[PDB]
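Participant: Chain residues, written in single-letter form:
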Amino acid sequence: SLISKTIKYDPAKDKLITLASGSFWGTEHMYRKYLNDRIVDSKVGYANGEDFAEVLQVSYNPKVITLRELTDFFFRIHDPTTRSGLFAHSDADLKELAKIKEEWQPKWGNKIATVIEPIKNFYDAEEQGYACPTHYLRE
Amino acid sequence: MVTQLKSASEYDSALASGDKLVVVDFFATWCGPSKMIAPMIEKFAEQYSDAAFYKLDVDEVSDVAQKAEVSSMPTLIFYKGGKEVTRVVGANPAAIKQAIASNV
Numbered sequence: 003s004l005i006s007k008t009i010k011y012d013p014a015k016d017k018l019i020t021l022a023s024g025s026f027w028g029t030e031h032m033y034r035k036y037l038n039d040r041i042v043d044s045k046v047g048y049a050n051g052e073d074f075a076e077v078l079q080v081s082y083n084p085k086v087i088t089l090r091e092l093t094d095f096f097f098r099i100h101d102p103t104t117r118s119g120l121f122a123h124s125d126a127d128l129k130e131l132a133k134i135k136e137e138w139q140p141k142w143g144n145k146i147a148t149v150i151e152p153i154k155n156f157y158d159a160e161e172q173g174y175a176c177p178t179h180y181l182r183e
Numbered sequence: 001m002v003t004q005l006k007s008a009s010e011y012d013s014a015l016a017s018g019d020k021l022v023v024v025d026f027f028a029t030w031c032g033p034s035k036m037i038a039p040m041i042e043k044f045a046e047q048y049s050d051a052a053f054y055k056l057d058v059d060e061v062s063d064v065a066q067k068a069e070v071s072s073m074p075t076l077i078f079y080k081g082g083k084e085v086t087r088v089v090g091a092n093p094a095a096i097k098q099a100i101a102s103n104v
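These protein sequence lines are chains B and A, in that order. Numbering-wise, the first sequence is residues 3 to 52, 73 to 104, 117 to 161, 172 to 183 according to the entry's author numbering. Numbering-wise, the second sequence is residues 1 to 104 according to the entry's author numbering.
For the record, the hints were derived by calculation from the structure and aren't laboratory data. Incorrect hints may have been included.
[Claimed, not checked] Residues from chain A that face chain B, not an exhaustive set, calculated with beta carbons under 10 Å:
#1 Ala65
#2 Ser71
#3 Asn92
For every residue, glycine included, the Cβ atom is placed at its ideal position computed from N, Cα and C.
All chains should be modelled from the sequences, with the hints used to inform the complete structure.
Facilitator: Below, the structure written as structure tokens:
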């Protein structure tokens, strides 16, 4: 599965995005502190890109929040020039995430090293992880 | 005991120590690894008397964190004579213990 077995998710109303910012402690901390009112559900785990990255998987209603807003937030919460990934669940979302990254390039001095890939796998208890990169809202 | 640093003022006047080694744990309360290194540094503080151990919340005192160029937690920084001698990034207690032993 590309979807966690525990997450609240309705295929007929909701969408998914899987986010790596270098530590799921940071990724979860940030979305739950700023956007908790606007997302459906949120689960920490390990994502594989089509070597596992620590990720947060976000279930959301497009009529409540768009992917653009979720990605604009993502590029504000951590340093993506430096571990940094966006895992798309559709081909339409893949090209939109790439578009957003391009738009964010000048603001980060064109050094964004964020990887954009289709989602290959997702786990929760798949039972680095040594440190969390700095997570906070940049201005 | 490990003394928490609350402002840049406390931090500076902790570096002004002399030959005694100064260890600072730069931490985040949300960060799992950073949180779990705490009890380990507490034990090293108990074992190494001649060293003064401190902790600093990077969200609380962002100015010191940015100035010491800490971009990950935990980051244990080691000071002698008010100047950096070495640092260990990430939650490896055995690595941290070595840096203490090697520096006093």
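Participant: Taking each numbered hint in turn, which are not upheld by the structure, reported in ascending numerical order?
Facilitator: Failing hints: none at all.
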